[PDB]
Amino acid sequence: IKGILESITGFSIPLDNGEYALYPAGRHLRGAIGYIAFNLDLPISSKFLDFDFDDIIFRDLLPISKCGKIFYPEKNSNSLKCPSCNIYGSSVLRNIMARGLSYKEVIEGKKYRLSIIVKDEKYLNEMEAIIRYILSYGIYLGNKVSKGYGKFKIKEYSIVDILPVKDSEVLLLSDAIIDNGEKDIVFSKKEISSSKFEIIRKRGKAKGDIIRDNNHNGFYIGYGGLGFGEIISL
Amino acid sequence: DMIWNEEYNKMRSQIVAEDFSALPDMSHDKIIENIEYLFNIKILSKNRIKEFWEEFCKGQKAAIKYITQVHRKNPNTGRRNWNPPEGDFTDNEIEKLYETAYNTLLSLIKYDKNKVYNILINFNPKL
Amino acid sequence: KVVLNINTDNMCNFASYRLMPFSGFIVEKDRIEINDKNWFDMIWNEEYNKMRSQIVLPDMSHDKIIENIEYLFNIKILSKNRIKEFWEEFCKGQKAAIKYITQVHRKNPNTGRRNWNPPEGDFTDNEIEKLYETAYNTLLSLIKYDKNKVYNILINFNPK
Amino acid sequence: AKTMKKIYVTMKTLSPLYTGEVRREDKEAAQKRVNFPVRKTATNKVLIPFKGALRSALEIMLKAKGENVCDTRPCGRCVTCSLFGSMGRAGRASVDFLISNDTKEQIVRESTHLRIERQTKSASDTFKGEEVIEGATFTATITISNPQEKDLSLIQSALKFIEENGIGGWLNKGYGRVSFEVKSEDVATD
Amino acid sequence: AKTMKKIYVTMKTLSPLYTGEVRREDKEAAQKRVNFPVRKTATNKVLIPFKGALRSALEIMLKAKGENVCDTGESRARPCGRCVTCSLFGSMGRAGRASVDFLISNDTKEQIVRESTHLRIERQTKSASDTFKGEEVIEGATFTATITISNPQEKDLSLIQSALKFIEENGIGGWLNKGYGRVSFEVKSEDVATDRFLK
Amino acid sequence: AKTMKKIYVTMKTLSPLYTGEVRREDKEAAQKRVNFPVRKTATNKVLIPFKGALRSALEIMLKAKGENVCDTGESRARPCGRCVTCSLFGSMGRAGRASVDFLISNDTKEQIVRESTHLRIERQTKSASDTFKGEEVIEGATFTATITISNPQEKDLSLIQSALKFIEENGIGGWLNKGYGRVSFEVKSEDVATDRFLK
Ligand SMILES: [Zn+2]
Ligand SMILES: [Zn+2]
Ligand SMILES: [Zn+2]
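Listed in order, the protein sequences are those of chains E, H, A, R, V and S. Quick note on numbering: the numbering used here labels position 191 of the first sequence as 191, and the sequence is numbered without any gaps. For the numbering used here, count along the second sequence from 1 and bump the result up by 1000. For the numbering used here, count along the third sequence from 1 and bump the result up by 2000. For the numbering used here, count along the fourth sequence from 1 and bump the result up by 3000. For the numbering used here, count along the fifth sequence from 1 and bump the result up by 4000. For the numbering used here, count along the sixth sequence from 1 and bump the result up by 5000.
For the record, the hints were derived by calculation from the structure and aren't laboratory data. Every residue, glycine too, gets a C-beta built ideally from N, C-alpha and C. Errors might be hidden in some of the hints.
Said to hold, decoys possible - Cβ-Cβ distance ranges computed for the label pairs, FRET-style:
id, chain 1, residue 1, chain 2, residue 2, range
1, R, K3183, A, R2052, 15 to 25 angstroms
2, H, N1074, A, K2050, 32 to 42 angstroms
3, H, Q1069, A, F2022, 29 to 39 angstroms
4, H, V1016, R, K3183, 42 to 52 angstroms
5, S, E5169, V, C4080, 49 to 59 angstroms
6, H, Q1069, A, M2020, 36 to 46 angstroms
7, R, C3075, E, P164, 48 to 58 angstroms
Produce the complete structure using the sequences and hints provided.
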């Protein structure tokens, strides 16, 4: 499901070592949508509760550019540049000190990609319902969801077919998970109506690196899915 | 009764004729020349030009009414309401300059509002 | 359909009939409406603001410019507000700034008042008129320069 | 969870409103001109913290009427902890920011504030702050999940308390006095 | 904390009122016709800063009487917390107990604001050396403000009323030494529980 | 600061009095009938500017006496700040201590303001070459002002009373050369304490 999301209120997603990432990741999208499906008792909730399901792949929200295409990551850096057009990064983070609380927030108004993929007919009605909900009443990503930070309304919704990358020469669009990886990817898995919190920290490989690997792992999928690692045709 | 008569006179003072609701022609150059001549001999003064623009913005009819009120030679007194000209003039030149003011204002009555506004800022910048 | 937009409060009782002297306007439209003066003042202002809607280089030395503007800032002719206004004019072109110095230096024919601030001190009247003149030449030569030099030179005298 | 309440709250300012600009870079960029810039988006619309104001309104009102409501360190057993969130459990009332409908150039106006000596009657200090004009209509969409029965009453009670006291900053000078219009709804189905 | 005090202040202008425009864009849009604009709303209703006048009146009278009151009107004068003015109207720490609204007019600017000619006359020439225009509020204009007091003390109403007599004597707004701003005040006070808005 | 001088000024007209309308809208509404209206309230009571009259009086006499007293009558003339009339009526950095109220009449236009016919007579023909109609305040009309002096000195009563005697001599308002504005002043002074309003 290809789409364009526009932020009217900005978002704040933190990382470790006092960094905040440029773009909202697909793990945040997933967590928001699974909350939203919980609030509407949609039949897929239990599956968003599971961190393993790979049928629905919520990719990462990547900043679209003036080109209209998707900005692509750059190895050994903290920015993304439309190969089509000469950069997104380290100029949209904005330092915020609010009644004691000091954090960082990525400024609003920029347009990001809403590209999810659905490999079964079991959800087209369900996703439809979630995009319809995201359309009429918005979605929220990041911190301070109940304070209105992270407002994200749709700007475009197209149900357009998708096909895997018929290339073993693939560039990592986002942070893949490998057993001996160097970038520690940290995320979390709450459990509402159970009061359970956990911080999932797993090693893996960073984005913007070309991988010469004949596996091809379906469409992207590096191994976590549910966000995590993506790939693009080089 | 007295406060009613005073208030009723104040009422008709308002909504007179057609506010904000049959003319000679002369070139734009002629109009600047005549207003520029009558500015410097104190006939078309700044108060005159102000009340010109106030009666013009309420319509052409109000401007014709005010110009016929100023130019009206009163048969009892023989006095038009123009400001008397400054300098040495005989009587015939004085009435000819008053008729010049008559024709110039009645001819700019026919023009549009932005061709009047731009002709009375260089005499009245606080129009 | 006669609609009363007069306040029906504050109404006396005379001859077993309630009554209130009114003073307003009748408006034809379906409705024969009764409005007060405030309404006519609002409509008069709206139509008046609808009619007013249609409203369309002796270069001396740099050291001269600094010395002149130092003297005029000390004797209080070229003040902080006038420097800021001249900077806003020079920041909208040079012709605008031509018109602004023309407006300030315009001696009124009747009064003989130039819109500069009277020089603080004890100068004679011919000296005051020549001081207004060198204010005119100093500003008018500063319009002939470019934006960087005009900026650095005016910020010494108006820090904003 | 099968029922969800969306409280659509529009606002029109009756007094000039000030809420402080919160981001350090845009504050410092505006501090060359404005000593108190107003909170603005990158799309030039005024953002207003709304959750804390409604929360504070419930804590003073329910402390006065005698409910066991914590003073904000939450409790987790009070109904303000059920509405706007405890430290463990999340809040049922997810409150949006009160975004402006119009743009900065139409509703935000730079202005002068003073400090006046009390024996000389002259201006000792002078500073500039940006404020939002009156009649500028703002909207927010308060979301209450697992709606209890007395949620809309509590929200409108807080809303009338904000109309009584004000929102944003400089509330004791007279700023932030606003009027509120609410339209509710329920959300189910696909 | 279980009680709040509402003081509804209505004010009638006796000699004409001036309170200058603070908004830069509105003042500069008014500079084409007016040199001294009056402080208007965007809803075309005159606003008058009221908390500063009350605080200044209370500090002048309480300094004259001989309480331990400070002066928040000097250049870098930090207000303390140990006053009755700093308890009512605030300090750098604890906020003001009295929330004082703006004095917003009951009528629009078409009815009560009049553009005015003011003069400066030469002494020996006895002619008008300078002329300018300023907007003034007509006499008889009614302005409404409300002062809420959270955690009332007993002498709060008396202090607010004493400050209102001081403003009646001295004036509100600007041009106070030249006759402007002399007003009359009427107070309607009530005690309301803070749970007044709960159902 | 613990005391304030209050000068209650009761003025009575001995000649007809004219000062002029200053609001453009009331002047326009009155100039359909009256070429020179008096300055009036919206409550139909005549106002007469008072601070400029007292200040002009004091600068003329103190400049004739020889004291270092500045002239604020010249075009955009800055007050010095170090003279007597800068202390009493004001300077750039310090507001004047004598808050001078407007001369509000005791009566109303229908009792004191009378329309009037003025003439301009040709010197050779003895015929009325011109005429005009101006409103004017009658003789015996009583006006009330209050001068409130904060932090008073010793000489302030003598200065205000001397300036009032100068205004009695020379006139107040407009048309002073043709005989208008000749008045008498009655002074009731009283020293009050600044904490009088505090209960
Ligand atoms: Zn709690
Ligand atoms: Zn204190
Ligand atoms: Zn002086």
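Against the structure, the hints:
Checking the proposed 15 to 25 angstroms range against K3183 of chain R and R2052 of chain A shows it is violated: the Cβ atoms sit about 39 angstroms from each other. The beta-carbon spacing between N1074 of chain H and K2050 of chain A, approximately 36 angstroms, falls within the hinted interval of 32 to 42 angstroms. Here the CB-CB span from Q1069 of chain H to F2022 of chain A is close to 32 angstroms, well matched to the stated 29 to 39 angstroms. The beta-carbon spacing between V1016 of chain H and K3183 of chain R, approximately 48 angstroms, falls within the hinted interval of 42 to 52 angstroms.
Between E5169 of chain S and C4080 of chain V the CB atoms are about 52 angstroms apart, so this pair conforms to the stated range of 49 to 59 angstroms. Against the hinted window of 36 to 46 angstroms, the Cβ-Cβ separation of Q1069 of chain H and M2020 of chain A comes to about 37 angstroms, which satisfies the hint. A beta carbon spacing of about 52 angstroms between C3075 of chain R and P164 of chain E agrees with the range 48 to 58 angstroms that was offered as a hint.
Hint 1 alone, counting from the list given before, is not met by this structure.
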